[PDB]
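Asks: Okay, here's what each chain looks like letter by letter:
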Amino acid sequence: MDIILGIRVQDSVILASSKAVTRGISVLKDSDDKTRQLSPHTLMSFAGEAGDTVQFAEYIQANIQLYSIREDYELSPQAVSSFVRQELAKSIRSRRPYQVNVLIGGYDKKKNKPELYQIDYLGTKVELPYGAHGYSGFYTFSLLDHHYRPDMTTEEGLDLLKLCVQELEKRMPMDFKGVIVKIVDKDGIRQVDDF
Amino acid sequence: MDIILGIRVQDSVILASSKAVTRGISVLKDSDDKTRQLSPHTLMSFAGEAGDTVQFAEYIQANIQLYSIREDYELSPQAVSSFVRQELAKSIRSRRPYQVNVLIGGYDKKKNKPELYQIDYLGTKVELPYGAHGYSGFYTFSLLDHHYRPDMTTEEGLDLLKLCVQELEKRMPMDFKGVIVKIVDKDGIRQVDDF
Amino acid sequence: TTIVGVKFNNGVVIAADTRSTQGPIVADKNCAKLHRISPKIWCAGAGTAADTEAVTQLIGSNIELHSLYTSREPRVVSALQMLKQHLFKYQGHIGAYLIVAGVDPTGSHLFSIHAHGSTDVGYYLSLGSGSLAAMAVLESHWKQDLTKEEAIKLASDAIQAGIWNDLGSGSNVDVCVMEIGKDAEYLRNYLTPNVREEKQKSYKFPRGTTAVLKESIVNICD
Amino acid sequence: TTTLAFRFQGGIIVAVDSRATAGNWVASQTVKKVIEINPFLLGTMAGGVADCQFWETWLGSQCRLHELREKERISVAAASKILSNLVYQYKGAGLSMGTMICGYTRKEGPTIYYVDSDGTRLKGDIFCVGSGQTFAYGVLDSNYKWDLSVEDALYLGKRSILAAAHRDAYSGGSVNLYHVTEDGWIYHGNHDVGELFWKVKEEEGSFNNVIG
Amino acid sequence: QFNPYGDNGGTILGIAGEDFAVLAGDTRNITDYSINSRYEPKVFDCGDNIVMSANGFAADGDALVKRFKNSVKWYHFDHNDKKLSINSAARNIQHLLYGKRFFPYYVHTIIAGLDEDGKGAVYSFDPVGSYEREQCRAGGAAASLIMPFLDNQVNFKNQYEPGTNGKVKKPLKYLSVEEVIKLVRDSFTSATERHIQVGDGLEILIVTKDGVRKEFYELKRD
Amino acid sequence: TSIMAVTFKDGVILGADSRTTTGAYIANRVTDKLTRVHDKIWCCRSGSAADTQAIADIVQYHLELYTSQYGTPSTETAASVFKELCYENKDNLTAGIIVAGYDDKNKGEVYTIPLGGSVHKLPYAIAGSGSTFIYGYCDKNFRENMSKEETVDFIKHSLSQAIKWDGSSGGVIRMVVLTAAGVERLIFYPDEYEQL
Amino acid sequence: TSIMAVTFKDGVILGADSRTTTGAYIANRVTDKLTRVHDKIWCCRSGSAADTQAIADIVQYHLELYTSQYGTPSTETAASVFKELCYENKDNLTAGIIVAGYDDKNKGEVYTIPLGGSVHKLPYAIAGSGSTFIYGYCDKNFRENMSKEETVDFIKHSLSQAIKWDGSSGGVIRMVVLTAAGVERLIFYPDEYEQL
Amino acid sequence: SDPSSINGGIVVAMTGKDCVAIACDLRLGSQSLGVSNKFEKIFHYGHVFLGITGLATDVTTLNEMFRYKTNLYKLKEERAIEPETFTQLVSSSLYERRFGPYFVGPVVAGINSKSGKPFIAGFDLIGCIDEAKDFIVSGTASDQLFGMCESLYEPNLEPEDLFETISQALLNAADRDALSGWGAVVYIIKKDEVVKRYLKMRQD
Amino acid sequence: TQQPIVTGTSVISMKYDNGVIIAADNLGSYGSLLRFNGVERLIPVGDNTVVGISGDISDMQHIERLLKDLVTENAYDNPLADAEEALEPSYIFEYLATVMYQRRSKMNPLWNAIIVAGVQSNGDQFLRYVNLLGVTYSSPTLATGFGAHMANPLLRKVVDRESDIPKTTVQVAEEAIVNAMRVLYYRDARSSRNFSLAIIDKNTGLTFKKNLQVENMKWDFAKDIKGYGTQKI
Ligand SMILES: *[C@@](C)(CO)[C@](*)(O)[C@H](Cc1ccccc1)NC(=O)[C@H](Cc1ccc(OC)cc1)NC(=O)[C@H](C)NC(=O)CN1CCOCC1
Ligand SMILES: *[C@@](C)(CO)[C@](*)(O)[C@H](Cc1ccccc1)NC(=O)[C@H](Cc1ccc(OC)cc1)NC(=O)[C@H](C)NC(=O)CN1CCOCC1
Ligand SMILES: *[C@@](C)(CO)[C@](*)(O)[C@H](Cc1ccccc1)NC(=O)[C@H](Cc1ccc(OC)cc1)NC(=O)[C@H](C)NC(=O)CN1CCOCC1
Ligand SMILES: *[C@@](C)(CO)[C@](*)(O)[C@H](Cc1ccccc1)NC(=O)[C@H](Cc1ccc(OC)cc1)NC(=O)[C@H](C)NC(=O)CN1CCOCC1
Ligand SMILES: [Mg+2]
Ligand SMILES: [Mg+2]
Ligand SMILES: [Mg+2]
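Chains as they are written, first to last, in the authors' numbering: chain X, 1 to 195; chain J, 1 to 195; chain V, 1 to 222; chain K, 1 to 212; chain L, 1 to 222; chain b, 1 to 196; chain N, 1 to 196; chain W, 1 to 204; chain M, 1 to 233.
To be clear, the hints were calculated from the coordinates, so they are not data collected in a lab. Even for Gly, the Cβ is constructed at its ideal location relative to N, Cα and C. The reader is advised that the hints may include incorrect statements.
Pair ranges (Cβ atoms, derived) [to be verified]:
#1 b:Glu-192 / M:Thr-1: 18 to 28 Å
#2 M:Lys-232 / V:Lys-143: 17 to 27 Å
#3 V:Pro-193 / b:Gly-23: 25 to 35 Å
Chain M residues, not near chain V, derived (Cβ > 10 Å throughout) [claimed, not checked]:
#4 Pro-79
#5 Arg-103
#6 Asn-152
#7 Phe-221
#8 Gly-229
My request is simple: use the sequences and hints to build the entire structure.
Replies: As structure tokens, then:
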């Protein structure tokens, strides 16, 4: 875990998530996908404590998929984010809390708008034009404050994202082995293979 | 600091030392030379506590240079390594010890032989065909156990060294921003600029 | 806090200051520390502010239900028994230090309760951070066979000692007089010896001083 | 604190914020974090205020004594090493300093040295130091080229502090700008973030996260 | 284990005008929840038209003032009775404080006077010697209450010219000694209301080219 | 506290000081540490005021319910109930209780129950912080089958010394006399006992 | 330890038990806690055996050097030297010393020096762990200007009670009589004092 | 790791002549890192306004909880809850979590629709009601707010004057606190109109 | 770094029209054990100053020796040692204040709270406090330990500010001090009944009263207190 970013542009939400899984002094894997598709137009990236992350992601995934089958209907990104926040808000006062931070990128088909939510392990939800968890934010927020515009295209968003990854690769102490980038828009979720 | 390696081959000693200087969540510099020339045919690399490293290296450098001027003669690598060990052996029982680990690569002109010494902050000296300090050793020693031969050339030693750096870049958690490589032989000390 | 209780001829009087603190900051300059458990049983509370209010309301609620069940006016010893058993059960974690007083068919009474659940009996008592300042006055001026007006004077004087000399107490003096055969009279702000002086200047700003970015009407209706 | 200084075609830019903090209490908004050692040397301050203020002033006295004794202005390397050797003597005692010794001499040219309280001393072209260093790095790195004009370099330095002033809770107040040339340092004014932010937002079109 | 430090409470305040400067401080001295003295001055005339106050731990405060007063005395002996300028005093105090960097004087120090151009000057220090000249500074227990009020009323922060769309700031201007004393008195009465360690009395020392004048005002004693 | 209970010819007498402390501050200088759990079974309370109070109230309840079913309980029975509470809750209690009662068959009896919750039947018992200072005196002066006036003097002199040396003890000396005649309360003020 | 020193008509008597403990083990059951710092100035030692020993030896040295120059030192002088050592080294010492001596001008004198290193001149003094149990007894029984036989009985009965209750005290009761006549050592065995 | 000062923020409420004002900053951070500049801390249930400072997750949770409770109240009572009653509901709900509390500093503000009286109230994290004629403060810059309010405030201010006073109180307090600021919102509340104004403040 | 062993409790004092009064009980406590009963904690210096000391008694006895030595040293080569160059209360205090602060700064304090009461050569009343931390302050009434919490409130009812001092007589002042000593005996668990009192007047000089006792105590109401709540017997 470690680096997860998110950028909402005019017509899409773009999520970037590091590929490294490190344990001790060994990088065990360099192709890890730190994300789950909750629904056709909703993607969730995650970072935090080992084990907790995937266990939580898949648990949320199962619940949203259950809802979809029951109602034959897709929950809005806002509704999914509120469900996720409440689960984390319960968790923090449990015997053993989930130590997982998430970004939820979705395209609301009723509003025809992209939406990005940042939720930490305490259950602190905020809707944002761009988001980050962990130490990444200390570089990317100021960078995006400068270069981000609300009316950008998906291509402009990807170039803006390349600028973030370059900065992180230059100044971050750890080798996070690049990122997997995914785009969420009106046509659903797709992965950029060459980044 | 962090990664310092050393390989003794047939006719030379090759020292590789990482270029990164990290402090907190920021890589402050990516072109740092973690070495000092003690004498024309003796090079010392170093790694450890911030401040201590350079302060110790330059202190040793000044003493060896003083000796050279006084006697109009170059101390053997064995003699320099023994001097360095004793300084660290004093240091460990001081009020505030030098927390510095060093490798000393030298070419003995009287014996016409390359010599590599590994000395830790406690003052633990060993002569070796190949050496490493810190977490690097946990990968490089086994690698060199397999691929190293005592009669290798300087070029073969550099290829053997490339194999170590590649392994470290693949499996080490931190980005150490590559290495500066230096060769110590009968003609003195020179730096490989393209590594 | 500073709180006191004083017995007299035909009843009992309790008093309290009106300062509430958060560390060195005065949170409330005129809070009410005198609490009604039943019409003629009143409680002065020091310690954790929420705990004194919550524990006094709970027992007060149960006392009302008990009074209705038994068709009798509630007794001070019942409130005392219920409070102490509740506080003891929580091993001091409910930080309520109370002076319980009142009149009932048995007579007039005065008790104190500590957070861990121990109770005392006395003719004069004081609790809180300014209890030593108050008790010094009570030990100096108290006597047997006090009148109503003498006991009020003694009680308020003991509170004043806390107000002036204790940093954890200040502002005003509240009093409650519980006399036998009469209605209890709650004297909110009986003394107000700490009125703020006129300010030197009016800090009313010229309209338009504050820079505004947006305006909008908020909808409160359905 | 957020302080930076970077080398470029036209010399050195040095930019700092002006906030001082005691925990979450904002102690000052008008603090001076650049100390003018001589007409060709500057020192930036980050970390303990007293530590920085006291020892960099002291550094200035040592630099003056050098030029009296040697009849020559002290080198940037020698000036930085006086400070680094001093704090190394105190290593462990609890001094808190992140400083940058920026200046020009004939033998060196424009030079920047990072010096901190653990005894680290580094020569380099770009550094950002302070609690908000990462925020400054983000903007500075992503816009830096060697061939920046004096006008563009001054703005980038100013804009990088503004970026950090905005995001970092323990940075802010105002931006102090300096430009170091072969002829010495030149002050380029105090710029209050109270006005600068809105001016930059409007003119540049940036800071879209903020309610306009 | 022995704790060499203590907290004696109180608060101080310095404001600079065009041709004058004031240094105010309450006269209350405390430990924990007890009042030690209702009138214990901590603002002192140190000679050469310099007034000084070191608020926090009184033992360290008195020690510092004593050492600085002595520093002024020896400055005269060593430099032919030359007047110690306020800027020179400030630098001297930094060295006094930083001299004990690893066993600090637990005090927020403020000095006031006139600069070498005759204009009002206030300097303020942290416990280990960092200093800065300002128009305005509150120090001590109630510094966090008073300082933002001073930002607003002395430096006109967040105040814009009415009708200018929050584009033109309220222009900076020097305040008259009458206006400054109004702000000091209102600052201290406000601090007295909400801070338990502040009260009893207010003593203001005013510094002009003619010398050092004093003014005293009663504060609430609760 | 300084407390004691002493058996004698006609029954038993309980004795106690009247000081309650919160640190070095005296929260109550007129405390009643002698408490009734039954008509002629009383106890002296030392240790935590809240703990001993809560215990005594539970015991008083148990003996009231015992009396309703089986008639007057023995002093031994009362001590057993105290023990049961003190022993089973030893980890959460700080209570040193002396139990004293008068039967007509068994006459005067004294049981002491220290911190651990053990039971010890004795001719007389001393307890509380101030008892340490009078072990020597009480051992030398106690005699079996004393008269009422002798036992009152024995307790008065003993507690006077305990009060004199122990800062945690003081105020008045309360006493409770348990005989076939009935229950008698006695009080003795500083001006009398201090100059013994 | 239980130790005491008592002034009387003809001079002063020092008394002590003979038990030394290392935990609950008795390292020495025949200890001599009464030690000579001068011909007719002696001390009782309580607290750390090593500390009190090292102090007494330094005092004995000081008084021997005092006597060589200025003649016989007063009992007050001896107490002052003990104080000086105990007070100045209070952080590194655990010593409770009673100093007792006989002058011809001042007769019998007793000075007690507790942990802090303060000095207190008294008619009699008690100290050590076992003294706590006899404050009551000793206060009630002590009289000024007692005879030798009365003072010996007072000390014997007192230490007997201290020994009885204190586990850290026991063995024999040693005594040292300081009068104009000279120095007399007394010993009293368990079989005598236990059944007092 | 002090729950009440991880995210930061402030709320202040004041009374005027036949009106009340309640204001809050917009910052949400994670210690030094500023994360959001749109995080409003004032909510309303009918005509009763509630501001909440402290740990942001609990701010959100309590809002959702009081919306829940006031909705059921209205369905059963067939009327909007009043400020005095809502104040009691807040106190009950907070004390219910006595030994595992919400790390919050709530502030109630509104006008009783029956009597027309302006009402404000404050609470600690554990439920203790703090009623006031003049003003209530809450958050990481409470000391600053206390000082600003105590000096600037005067009774019976008109809605337009009250706006200036409360705004200047919040702004100058926020500027002396590292964890507060990044924008501000002020609600002016009259008997049957409510005006919401966003303030221009320094963004550092 | 110390811990106090044998300790003395409250010292109380106040100013009146012509001079100052100071008082302190004669007890030397050893924790909860009330060990020593003949301890004098008021120490006169000359005929114009009394130093009252609470806290550690070994450190008190050290301070006694210092004051005793100060008198000796002041007399050396001083023909006016009993006249113009006699030790003033202000000199004695400043000396002690210096020592106290120096010892705290060396992390080895004299574990005491000290009140220096006296009358200056010009007739002015002197009353000032100093403690183990080197903290100093002055007030019309001063008290240490429990005295600060219980005596000061009572003494301030007589002299609440500077202007009340001329209006207060020695009879009224002593009465308040003696009353305060009684209150402390009721409520302080480390206090004794026996105490000493000293009056330093600008006309009548130093009057040192020993072996005073607390009297006129109210204990009779105790007979009426039964149980802790429900007990009727
Ligand atoms: C005086 C003022 C104490 O200084 C009184 O005891 C007073 C009693 C009182 C009763 C009813 C209404 C108002 C006031 N107590 C307080 O004002 C009290 C002081 C206090 C603070 C912290 C404590 O923790 C051990 C105990 C007492 N102040 C409060 O209770 C304030 C309003 N609340 C808090 O500070 C929140 N605390 C509550 C306890 O849990 C931690 C957070
Ligand atoms: C930004 C604001 C983050 O701190 C900067 O680093 C700033 C740097 C600076 C340099 C010169 C002039 C002004 C400002 N640093 C501070 O403002 C600094 C933060 C800090 C506090 C304490 C530290 O010790 C661990 C280190 C850094 N603030 C101060 O120095 C404040 C004004 N003073 C104190 O906290 C007083 N302390 C200092 C340490 O000794 C005890 C007393
Ligand atoms: C003498 C005075 C001291 O041991 C007695 O034992 C006395 C017995 C007594 C007092 C009143 C009524 C009946 C019997 N005990 C006390 O006065 C007692 C001292 C004590 C406190 C706590 C203890 O451990 C839990 C042991 C002894 N005082 C109190 O209980 C007072 C009312 N409360 C406090 O001091 C506050 N305590 C609460 C418990 O936790 C520690 C703080
Ligand atoms: C009675 C027995 C207990 O207090 C006396 O005080 C007795 C006095 C004595 C004994 C022999 C000769 C002259 C006087 N003291 C001891 O027997 C003493 C107990 C004691 C030990 C350590 C202390 O703190 C430092 C205080 C009291 N016993 C010893 O000194 C024995 C010989 N040694 C040990 O127990 C080992 N100690 C060494 C010191 O550190 C702790 C372990
Ligand atoms: Mg007060
Ligand atoms: Mg034995
Ligand atoms: Mg900021």
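Asks: Could you let me know if the closest chain V CB is still more than 10 Å away from the CB of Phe-221 of chain M?
Replies: Violated, since 6 Å does not exceed 10 Å.
Asks: If you check the beta carbons of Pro-193 of chain V and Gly-23 of chain b, does the distance land in 25 to 35 Å?
Replies: At 31 Å between Cβs, range holds.
Asks: Please confirm whether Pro-79 of chain M is truly not at the interface, meaning its C-beta sits more than 10 Å away from all C-beta atoms of chain V.
Replies: holds (48 Å)
Asks: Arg-103 of chain M clear of chain V by more than 10 Å, beta carbon to beta carbon?
Replies: Non-interface label on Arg-103 of chain M holds, nearest chain V Cβ at 28 Å vs cutoff 10 Å.
Asks: Can you let me know if the beta-carbon spacing of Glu-192 of chain b and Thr-1 of chain M is within 18 to 28 Å?
Replies: violated (46 Å)
Asks: Please confirm whether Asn-152 of chain M is truly not at the interface, meaning its C-beta sits more than 10 Å away from all C-beta atoms of chain V.
Replies: Per Cβ check, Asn-152 of chain M is inside 10 Å of chain V; nearest 6 Å; violated.
Asks: Within 17 to 27 Å or not, the Cβ separation of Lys-232 of chain M and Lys-143 of chain V?
Replies: holds (25 Å)
Asks: The output says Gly-229 of chain M does not contact chain V. Does that hold with a beta carbon cutoff of 10 Å?
Replies: violated (5 Å)
In terms of the numbered hints stated before, the structure departs from hints 1, 6, 7, 8, listed from lowest to highest.
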